Each structure stands twice: as structure tokens, then as C-alpha cells.
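Asker: Single-letter residue listing:
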Amino acid sequence: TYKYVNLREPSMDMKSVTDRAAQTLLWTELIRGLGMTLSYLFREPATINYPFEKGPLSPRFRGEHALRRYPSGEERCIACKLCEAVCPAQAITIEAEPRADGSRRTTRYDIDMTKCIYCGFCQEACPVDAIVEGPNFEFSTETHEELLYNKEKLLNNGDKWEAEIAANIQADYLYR
Amino acid sequence: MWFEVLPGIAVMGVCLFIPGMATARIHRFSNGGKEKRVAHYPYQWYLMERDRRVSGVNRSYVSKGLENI
Amino acid sequence: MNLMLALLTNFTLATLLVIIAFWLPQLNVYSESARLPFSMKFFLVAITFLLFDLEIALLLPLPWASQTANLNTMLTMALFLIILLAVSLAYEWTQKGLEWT
Amino acid sequence: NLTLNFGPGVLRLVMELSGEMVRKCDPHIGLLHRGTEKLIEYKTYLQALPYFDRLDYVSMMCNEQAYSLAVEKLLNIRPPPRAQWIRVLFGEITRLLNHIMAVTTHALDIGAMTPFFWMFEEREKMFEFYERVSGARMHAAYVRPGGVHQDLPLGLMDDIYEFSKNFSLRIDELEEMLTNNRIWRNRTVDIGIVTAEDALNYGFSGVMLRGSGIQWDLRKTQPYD
Amino acid sequence: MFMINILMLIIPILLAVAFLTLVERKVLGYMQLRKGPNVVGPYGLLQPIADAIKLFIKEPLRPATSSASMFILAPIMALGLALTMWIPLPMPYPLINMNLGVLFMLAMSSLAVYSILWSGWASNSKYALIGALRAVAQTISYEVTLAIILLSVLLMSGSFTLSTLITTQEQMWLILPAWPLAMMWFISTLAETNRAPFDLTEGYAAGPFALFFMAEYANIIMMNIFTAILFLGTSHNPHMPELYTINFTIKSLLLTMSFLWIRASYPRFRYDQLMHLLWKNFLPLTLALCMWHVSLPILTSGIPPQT
Amino acid sequence: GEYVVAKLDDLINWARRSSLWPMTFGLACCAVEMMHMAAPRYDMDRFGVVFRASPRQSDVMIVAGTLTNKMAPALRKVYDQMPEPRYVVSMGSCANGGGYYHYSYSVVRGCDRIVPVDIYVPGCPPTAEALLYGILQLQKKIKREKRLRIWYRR
Amino acid sequence: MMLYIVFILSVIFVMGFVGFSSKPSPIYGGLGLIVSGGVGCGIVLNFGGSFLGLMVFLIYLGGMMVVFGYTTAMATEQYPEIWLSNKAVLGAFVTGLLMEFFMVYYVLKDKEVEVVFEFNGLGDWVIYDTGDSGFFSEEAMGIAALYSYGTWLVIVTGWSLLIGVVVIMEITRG
Amino acid sequence: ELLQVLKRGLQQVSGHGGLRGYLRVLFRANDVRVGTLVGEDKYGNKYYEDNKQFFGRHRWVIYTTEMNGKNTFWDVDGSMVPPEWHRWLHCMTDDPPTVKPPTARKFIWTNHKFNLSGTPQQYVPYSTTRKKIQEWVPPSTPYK
Ligand SMILES: CCCCCCCCCCCCCCCCCC(=O)OC[C@H](COP(=O)(O)OCCN)OC(=O)CCCCCCCCCCCCCCCCC
Ligand SMILES: CCCCCCCCCCCCO[C@@H]1O[C@H](CO)[C@@H](O[C@H]2O[C@H](CO)[C@@H](O)[C@H](O)[C@H]2O)[C@H](O)[C@H]1O
Ligand SMILES: CCCCCCCCCCCCO[C@@H]1O[C@H](CO)[C@@H](O[C@H]2O[C@H](CO)[C@@H](O)[C@H](O)[C@H]2O)[C@H](O)[C@H]1O
Ligand SMILES: N=C(N)NC(=N)NCCc1ccc(I)c(Cl)c1
Ligand code: SF4
Ligand code: SF4
Ligand code: SF4
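Protein chains in written order, with the numbering used here: chain A, 4 to 179; chain G, 3 to 71; chain C, 4 to 104; chain V, 234 to 458; chain B, 7 to 313; chain W, 12 to 165; chain E, 346 to 519; chain P, 7 to 150.
So that you can see chain A by itself, here it is in the shape it has in the complex:
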């Protein structure tokens, strides 16, 4: 099914021709456009007062990465390397070895945040909720090097943001 967007014949009676002449000489349709911008002048603007006000986000929001713990404080990550395997950008680098107590844990967990595409595939692939994209999006830096995250930086992000991360997971985990 289709419709025509511009298949019409102007009427050629005197009243119609004189209507179009007046539009030509009195600029009536231009004056009409002025009316619409005038109406916007008296509308309340949509601007929010950043940084005192923030744009709304959802619990699914994909922001800065963090490494998480169990309630005991033990690391969740068990160096399975599923995140590294799935990462579309090859932004994750992992090394692991038996910990002094025999635990399977990483000795390296790096995320190049300038390779990362913030796709969230790592947190989908993780079987233990160890790596997540947190809610923080305000972490711009003055140097390139500051965006090469190692395990210490990522654990500190987990400890810094866990209060919010856990609540967001609580809201969305039944959708996963």
C-alpha cells in the first residue's frame, strides 16, 4: 500500500490565484514560520543543570569496569579467561597461577580502556559476576596512560563502587 506525497494540482480560479499572489507578495507562509519560533521562545527549555543535575540512566548502563568480591572479601574472579576470549576488542589481558593457598586466581588482569568498546560482553560471559561494567561514566583523564587499567585499579574500582554495583545487579539479574 502506498500514498503520494506530492501529486496535486493548484486551483486556477481567481480566488485561488489571488490567494497565492498574496502569499507571494505578503510573505504569509514566512510569517507563519516566525510564529512557530516565537512559540518556542516562551516554552520552558529542556536543558538540565549539569553537573548539579544528571541525565537519567538505567541499571543496565554500561560504564567503567570493576572487579567484584564475595561478601567474605574473596575475589570472585577465578581466572577462567572467558571474558578475555569473548572480548571483541582484545582489550583484556590475563595471567594466572595457583595462589599461595592453592586458589585459582589471576596475577594479571588488565583492561586497556582505550581498546575497549564498552560492549558489556565480558560481564555477560563471566560465570561468577566478577567483572562488571559499573555505573560510573565520569573518569576522563589527562593522559593516555591513566586509561590502561591493571588489576589493582580494577579491584579498587570494585571496592569504590560496590554499593551501587550490587544494587544495580539486584535490579537487573532477573532479566539475565
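Be careful, since some hints might not be right.
Claimed, not checked - Subject to a maximum C-alpha distance of 25 Å in a straight line, what follows is the list of computed DSS-like cross-link-like pairs (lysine-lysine):
id, chain 1, residue 1, chain 2, residue 2
1, P, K137, A, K84
2, P, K76, W, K157
3, P, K13, P, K76
4, A, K6, V, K398
5, P, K58, W, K152
If you are wondering where the hints come from, they were derived from the structure by calculation, not from laboratory data.
Since the structure of chain A is provided, determine the placement of chains G, C, V, B, W, E and P with the ligands on it from the hints.
Answerer: Below, chains G, C, V, B, W, E and P with the ligands without anything else, positioned relative to chain A:
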């Protein structure tokens, strides 16, 4: 809101009001409290020069009435 | 003399602002006639403007001329001059002198 | 004829002009060639999906759909009906996102700048729908071979309805600025006429065909989902 | 005393131009459903000051190997002429009471096109020269109608004295007898000042750029004061002159805002299209209305006085 | 005198950060989020950041998108034309370090190989708000400058 | 002294003429003519010809010289040569100043001079009219009479302007 | 209604504690709206809401004037909002941490830090693995 544009318009309006008010008051100050004499044509200039001589102080805006007769 | 003072002040302040604009401190210590490919159409616009401008020069005295007693002659010549401006435009128009294609 | 190398997406145009008239137009592209097609050969099928968000990066989920449909065809599987309805729903939200971008930046380019601002607040509200289903405002990676990644959060359809209820009024305001404006018409009417036969032979598609009277739309003739 | 008077005109002109940059940004903002400057000072009141300081302490680049004599002469002429256009304006009294004031403004503005011509030469770039030559053609073309429209209006006024326009409009604004002329005058001032939808140049740096920008916006305010005087004459009470200044200032502000209102509302003409607007629409009508306004006072017996 | 220099430094710093005119190199998808920062919700112009500026009038360059090898000389030419002081904001993973295309034959692995960078905004793309955070971070960096203080201790 | 304003302007008038008459690059030859035009208007203004003075600004400078510069930027020079670079230009320029300076120096000393012909150096004010008091501008009344007395002048002038349009279009068609 | 509009404008001066308090928020936040105080965090940031504002402007924060020894009277940052309020302020949830507190964990930071880039506290990356190959150390005694 739209009325937050008014402060900028008020500043501009005061800037445009000053030149007109300044010239009007400066003219009164320099012309004995009257309007500046307008002399577009030689007849009006001849009268203004005659005013300067008649004034006795060489100011066309000092005026002499019947007190001088 | 007033007009000279106003003119001298206007262009003197303009000069001062431009030279100051160039000579502010920088805080640095280290080292720092053919035929233009332009259409004939633009030449004809400038020439067309010039000839219409000369016609406007002749029409400028019209407010004073309307005070004449010989109004029949004055009105006839005023309309004669403007009509000839109209004919000039029509000649440019019909000869494609106002086209850009 | 005067020759000009215009331009520094980013476009380089080498144009031969004769006075005011364009004698030749030679677009020089590749300023945004990023070897996507080669990089995809080193990815699994899932890993390649986010590359499709970044092609027509105004129609993200429509690009995902095309790739997913291709993979599902090769897999010989089909997505479940609810995933298909979500994909059509967000495919049409994506069309609004694209068309707002197309019309208003088309208008902004020729000096009609205000409608861009009005309609990009509408775009910002649809970016919220993207973020609420996927956590990203643009590169959702939400439509995948086999369906979608997650179900809609509770309460989203209510907000899409609320957005849609008022949107046709926004279109009307855009039309008040452009549709009958004589300046807009002088800039657009009889510009770039393409015949039906030229359009088909040059490989045009979409509105580039329908603008010339050709009755073709793949959603009608070769429907999907 | 008179030196005080000169400075009491020049300095407010520059401050008014500076704060027009704020008003334009905010008016355009709210028409675009946003706010515009509201952080730098309360309600953006310090934004013009920040912009001006930023521009003057910016590196003042030059084209190099240019007619730098005319790189510096272009903005000096532009700003000097722009400030000169204000000295005969009656508000209600002019700084200089010129018998031929209306013709003095015509003469001075016709020179303003030189700063465009010189700046194109001074760029050393052949494509910048072409753009300058396109702007000159647009400017001189719309000079033609502005002069003929002005002459038509002065046939109801009877003199070239700007303050006589005040006398002519004691009973009624000239916009009523001459709204067709006022429509074309207003559009001509837009195309004359290269304003949208005639801003084809937008289709210098640091302080030199600021001086070109200030000269342009001085002319924009100037042309809108002239429009208010020419067509919306304010009644002048000799014993309360500031009543004139208030009312005439408001009219000038509203007309200047309408320049910003129009910029927010329309697309941009093509070059050939705004040339056809002048040569094939405005000029034919302007010539016909000039004939009509030459005949009209004679056939109604409403010829104005000379003096 | 140190009190006068400190105040003069504060004045010029305030003017330069209160009047940042950006030249946007809208190379790819990150340009769209830059558009949304100019759009009504965030209105960058309300901070004194005009929507669009010509290179010769711009104070900050925003590299918003992938920088390919073909494009790199053009970008460096525009940077060399900017009057000083000039700053560069690198927006998004592509500009920051190559991002998704880091291993491609045709892509510059980070625009900081071509121009000095002042601020790196992470994200693919960064949200409009995240970019605005970066601009406000650039302003604070300018607020820290002590050009006149260092000049008078030379 | 202000009593020699006309003489001072006429000195600048002549210096402007030596400027472009020595013929530097056309761009700077135009500027010298522009400066001469403005000074020439000043000379005319001081003899009571306000309208004639302004016509020089509006038609000569605002009209003809704009087209001269506009055409120069197209069909002639887009880039000037450094002013006074050529010896012929400099030698001609120096000679004109040397001739003018001696005329001024002698005329200002003896209040008279005999460069070919005899001139009085007392000041141009001595010859001015002494008794004026009309309620109008005599110059304006003379120019306005173009429409009352100059019917013939209007016809032949208006016809020449029309032919100018026709002729120039013929010339430039090629 | 213009009198009601002006009365409301006056009520903002009193709603902020007088002229001084009205001017402080005007210059610190470029906003003089009066909302309902939802709560205050341990760093001094104050959180307000007004549900009659349109979505996006219905919640805001007035940042503390000092946080972790940094003067923030004029230098406010979006990263000063601590995680527990971050969720509320960005509308990821409806309930503020005064109503639904976050779960306590021993390892969670007791003190939030804002963006530390550009300062001596900035992160510097480094390899977290130990040396892989051990080189032979020659004997310390002589015997060639
Ligand atoms: C009793 C006997 C009396 C005798 C006298 C009678 C005379 C009255 C009847 C004649 C009235 C004529 C009105 C004159 C106005 C100019 C008319 C005109 O030229 O408009 C047409 C012009 C071109 O028309 P277009 O559609 O583009 O193409 C037609 C060519 N095929 O299109 C345009 O010019 C449009 C303008 C483009 C710019 C748009 C931006 C301006 C829009 C806002 C305008 C606001 C109004 C101005 C108010 C000014 C106040 C000072
Ligand atoms: C409106 C008038 C206000 C008057 C205020 C007076 C304040 C005077 C202080 C001026 C401070 C200028 O500060 C200085 O500006 C120049 C450009 O102009 C910059 O640029 C300069 O230095 C850089 C290197 O540092 C050079 O590459 C550059 O070519 C040079 O021009 C400097 O990087 C900046 O340090
Ligand atoms: C009443 C006097 C009227 C005189 C009218 C004369 C008209 C001639 C206009 C000349 C304009 C000035 O000339 C322009 O500016 C100065 C002249 O010093 C030169 O600028 C500079 O040029 C070279 C370097 O390139 C230097 O050696 C010279 O010292 C310096 O002046 C420009 O290269 C020249 O292009
Ligand atoms: N065109 C833009 N970039 N926006 C804009 N309208 N800027 C105007 C900024 C400006 C320019 C010169 C001066 I003097 C002042 Cl006080 C302010
Ligand atoms: S978000 Fe995507 S690109 Fe970034 S680390 Fe996780 S899987 Fe890799
Ligand atoms: S973060 Fe998760 S997916 Fe990655 S290595 Fe650790 S346990 Fe495996
Ligand atoms: S960083 Fe992401 S959003 Fe930005 S240009 Fe690259 S792929 Fe596109």
C-alpha cells in the same frame, strides 16, 4: 525561562539610551539650558551671529529682551 | 570643526584598537596579478551597479525639485528618468544579463 | 574550468566548476575506511556483531538486524515471535532516529538550524529507550542472531507509548518550518532530479528509488521478521 | 564638552555591541528550546566580557606574505566607518546636526564595502578573494534598492535632514503610507549586513577578528535605529527629550531582536537566488514605487515643505 | 607584586576557560554524541562553548571519532592552523587508542600519535554527559595555569 | 592655521595625485585616488558645496572607485608589488614631492608665487562672498533646477546612460 | 498572575535563607530553585527533589564546599557524588539511600574519592606480574 533573557536586553537598552540622553543634557548645559540652535541655512546663521554680538558676552544663547531697549 | 573631531576620534580609536590587538604580550621566548578565474557575470554586476548608481545620483535632487512651480516639467522628467532605468533593467533581463547558469 | 579540492563523516570533494555551475563532482572517500570487513574475519560471529553498530552509526539496531537475519539464515534457526516484535519495534524507533538526523542535519546544512535542536531532544528520549534495554545509548549490540539479548524492562512500553503519543506533533512543527517555506522549496525543488531508470541502473535503493516513483520497499516486497 | 559627547556615544556603542552578542545567543537559545549562556556571570552577563578578553589575548595570526598594509587597513576602515555612521543620528538630538544627514549616511555606508574588498586581497588566497568578490556583489546590489527606497520615503519628508523625519511622523508612522517600501527596506538591510537568510559568507583571529565582528554588529544595530527613525518615528517633546530616547530605544531593540528572530527561522538563500531577489523582484517593484511616490505628493497636493 | 601577577593570571585563565570555542572533527559515531551535547538537554553553549567555530577562531579541537591513516595529515594541518593557546580533547576509544580498530592496517592507533592531547574521554562513544564532564575537566586544567607567574620568574 | 584649511587640503590633494600618477601597483594606485577623492570632497565642502562634496563620496568613491577596485581584483592584479619597489615609481614619486614642496614653501613665505603663472598666497578666504542670508541652499536650488530648466540635459544624459548599458553588454559578449 | 510569579520569585530569596544564601546558590549553581531536602551525605553534599519539575530537573545536588581537603566552593565535579547517592541522582532507582541504605561490606570504601587525574594521587599503570626468567648469578669467588 524566557525572562532570563531580559537582563541582557536591559543592559543593551541602557547602553543605547545613554548616547541620546547624554547629547540632550550636554546641549542644555552648553546652551544656557535651552536647545542647541539649529542653523541649516545662511539666514539662521546670520541671526545666530547677530545674537552673539547683541549678547554682549559673545554667546549666541544669551538672550536680550525688552530690558535692553 | 566638530565633525573633524568626531571623524578623527572615530578612526583614531579604531587604529588604537587594531594596533593594541597586535601588540599585546605573548610570553614566549622562542623563534616564531593575472586573470582571476572569476566569471564575467560578476564584472557585469559591478558595471550594472555603477550605471544604476549614476542614475540614482540624478534622482537624488527630486525632493528639492518637487518644490518648483514648474511641476508639469518636473514630474515628466522624473518619470522619464525612472522609466529609462526600468528599460535598462528590462534590456538586461531579456538579454540574459541577470542569469547565473 | 575551475578546479577545487573541497573538504579536509568527513568528505573530500574535487569539483570542476564553470562559473557557478558544477561541471564535475569527484568524491574522494576512504577517510573513514577502517578495514571492518577484514577485522571481522578474526572474530567469532558474536564478536563481529558490534562492528555493525558502527557502520551506519545512526541506524544501529537496523544494522544489527540485517547481520542477525543473515546469520540466522545460515544457521537454519529462527528467533522467537516476541524477539521478532521487539526487533520490528526498535527497528522503527531506529528509523525515527535516522530520519530525524537526516532531515534536520539536511536542513541545518542549508541554514535552517532551529529544527535540529527541537528534534534532537526527541532523539535524546529515544536514546533513553536504547539505554534502558541494552545499557548503551547508541551501540546497543542488542539485536543478535537468535533474537535479542534481554527482555524489555518492566515499564518501558508505557514510556514508548507516551513518547509516541506526542511525536506526530513534533513532526508537524518541523513541517511548519520547511514544508511550505519558499526558501526551503527554492533550495530543494527540482534539485537533483533522478529518473526511475537511472536510479535502478546506478544501484540506488530506498527513498532514492521511491522519490522517483518506483514502488519498492523491502518491508513490503521481501518482508522479514 | 563636545569631546565628552563623542565618548558618550562611542563607548555605549561598543558595550551595546558586546551585549548584543549575549542577547543573540540567549534569544536563539530559547527559540531552540535551550538556554544559552547562563554560567559565566548571572544569566550570562559576564559572557561578553570573557569573550572579549579571550579574543584579545589570543595569538594574532597573519596570512604572511600578504598585503598586510590592507590586512590592518580593512578592520580600521570597518570600525572607523561603523562608528562614524552614528554621529548624525537624532536620539532625539544628533551629535552633529547635518543638513544632508541622510545622504551622509548613504555616502559613508557605500565606502564600507572597501573593507570587504581589502580583506580579500590581504588574505593572499585566491578562493578567499572569490568569496570577497561575491560578498561585494551582494552588497552593492542591495545598495541600489536601499538608495531608491530611501529617496522614495524622503519625497514625503521633503529634506535630507534626519531630524525632519521626526517632524514628518508627528501624526503617524511612515510605515502606514509606505509599508511596501518598509518591507523591502527591512529585507535589504538583512542582505546588506550579510545577515541570515543572506549570510552566504558563512555558508581573521584574536583581536582583529573581534574588531571586524564589532564593526558588523555596530552596523546591525545602526541599521535598525535608522529603520525605526525612517518608518516608526517617535514623537519628540522638547521639554522631556528622554521620553523620546526611551521609546525610540525600545523600537530599535525590538527591530534588532527581529534580526535574531529571523535568523532562527529560515534556511539560507542560494547566491543566484538572492541576486534574483534583488534584480528581478525588489528592484522592479522599487522602481515602480519610486515613480508612485514621486507622483503621489503632487496629485494629492501633499508636497512637504523644504525647510 | 606577586599578588598582582596571581590576580592577572586568574583573570586571563577565567576568560580563556569561560570562552572555549571548539572545532569539532566529527569523524564518526562519537560526533553524534557531540551533537547531543550541543542539543537542548545539555546545551554546551550555556557554558560559553559555541556550537561550531572555524579553525582560525577555535580554542579547542575535539577529535570525535576514528582517525584513519588517510585522514591523519589533514587533521595535523588543521591543528597547526589553530591560534594559540590551543587544546585538544580526544573523545572515544578510537581517538584515544584505536578502540575496536586498534589492529587495523588503515587506522592511527590513537590521535595522540599526531597531536598532543590534553583530555582523554573514555567510552565507545562517551555519553554526551561524559564528554561534557571532560570539557569541564579541561576548564579546570586551564584554571590551574600560571603563565604569567612562570613568566616573571624567568 | 585653520584659515588655510583649503590650501592644506589642496596640498594633500596634490600629494595624493603624485601617489597614483607615479603609478605603483594598481591596488595602491587606487588607494591614492581614494584618498585624493576624500580630500577633494573636503576642498569642495569648504566652498559651501555640501551636496557636490557628498556626491564625490557616494558616486566617485562609493561607486566608480569600488568598481575600479573590484575589476582590479579580477582582471588586473590580485597581489601588489611592494610599494615604491621600482625605481621609476620612486623617482617619479620623489620628483612630485620635491616640486610640490618648493611651491608650498615659496607660496607660504612670500604669500605669492609664479610657477608658470602668478598665484596669490594670502589664503582662499579672501575671495569668499561676504553677504549671505537666504533661507535656502543656493547649491541645492541650482541642482534641483535640473528638472525645471534642464529638460534637454536630462534627456541626453538619461539616453547616454541607457546606451551605456546596451554598449557594455555588446562589448563583453565576445 | 504576574504578581504570583513575582511573589514566587521573592519566596526563593526567603527559601534560601535570605539574600546571602540566595546569592550563594545563584553563583555556585546558577540556579535559585527551592526544593525539598532529601538528605545529606557525610561529605556535605545536599540532595533535593521537586517532582513538579520535568523529568531530569526533578532531582539535583548542591555540592559541599569542601571534600577530602579540597576547596570545592567554586570547583565542583560530578565525581564528588558518592556511589550510594549516585544511583538516586541518575534515576537508576526511586529510593534514596536514606530510605533504602546500601548493603554494608567490610571491604567497601568508607571514604569516596573524586577523579584524581592530574594530581599526585593519579593512577599510574604497571605490570602486576613477577619476573619470568631468572638469570645465572656468577660465583663471587675468583677461579679462572
Ligand atoms: C492606491 C494605489 C497604491 C499603489 C501601491 C500599492 C502597492 C501595494 C501592493 C504591492 C505590495 C508589494 C509588497 C512588497 C514586498 C516585496 C514583495 C516581494 O518581492 O516578495 C516576493 C519575493 C520573491 O518571491 P518568490 O516566491 O521567491 O519568487 C517569485 C518570482 N517568481 O519574496 C520575498 O521577498 C520574501 C522575503 C524573503 C526574506 C524572508 C525574511 C523576512 C520574513 C519576515 C518579514 C517580516 C515583515 C517585514 C516588516 C518590516 C518592518 C520594518
Ligand atoms: C581585553 C584586554 C585585556 C587585557 C589583559 C592583559 C593580559 C596580558 C597577559 C597575556 C597572556 C597571554 O598568554 C599567552 O598568549 C599567547 C597567544 O597570545 C600564547 O601563545 C604564545 O606562546 C606559545 C608558546 O607558549 C607560542 O607557540 C605562540 O606562538 C605564542 O603566540 C601563549 O601560550 C600564552 O601564554
Ligand atoms: C596624502 C598622501 C597620500 C599618499 C597616497 C599613496 C598611495 C600609495 C598607497 C601605499 C600603501 C602603503 O604601502 C604598503 O604599506 C607599507 C608601506 O610603507 C609597506 O609595508 C612594509 O613593506 C616593506 C616590507 O614588505 C618594508 O620595507 C617597508 O618598510 C614597510 O612599509 C607595504 O609593503 C606596502 O604594501
Ligand atoms: N559567532 C560565535 N562564534 N558566536 C558568537 N555570536 N560569538 C560572539 C562572541 C564575541 C565576539 C566579539 C566580541 I567584541 C564579543 Cl564581546 C563577543
Ligand atoms: S566491554 Fe566489551 S570491549 Fe570492553 S572489556 Fe568488556 S568485552 Fe572487551
Ligand atoms: S572476570 Fe569472570 S570471565 Fe573474566 S577471567 Fe575472571 S571469572 Fe573468568
Ligand atoms: S570510539 Fe566508538 S562511538 Fe566513537 S568513533 Fe570509535 S567506534 Fe564510533
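Asker: The structure should be examined with respect to each hint, and the outcome stated for every one.
Answerer: Do the hints match the structure? See the list:
no. : hint             : in the structure
1   : P:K137 <-> A:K84 : 22 Å, holds
2   : P:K76 <-> W:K157 : 19 Å, holds
3   : P:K13 <-> P:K76  : 38 Å, violated
4   : A:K6 <-> V:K398  : 23 Å, holds
5   : P:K58 <-> W:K152 : 37 Å, violated
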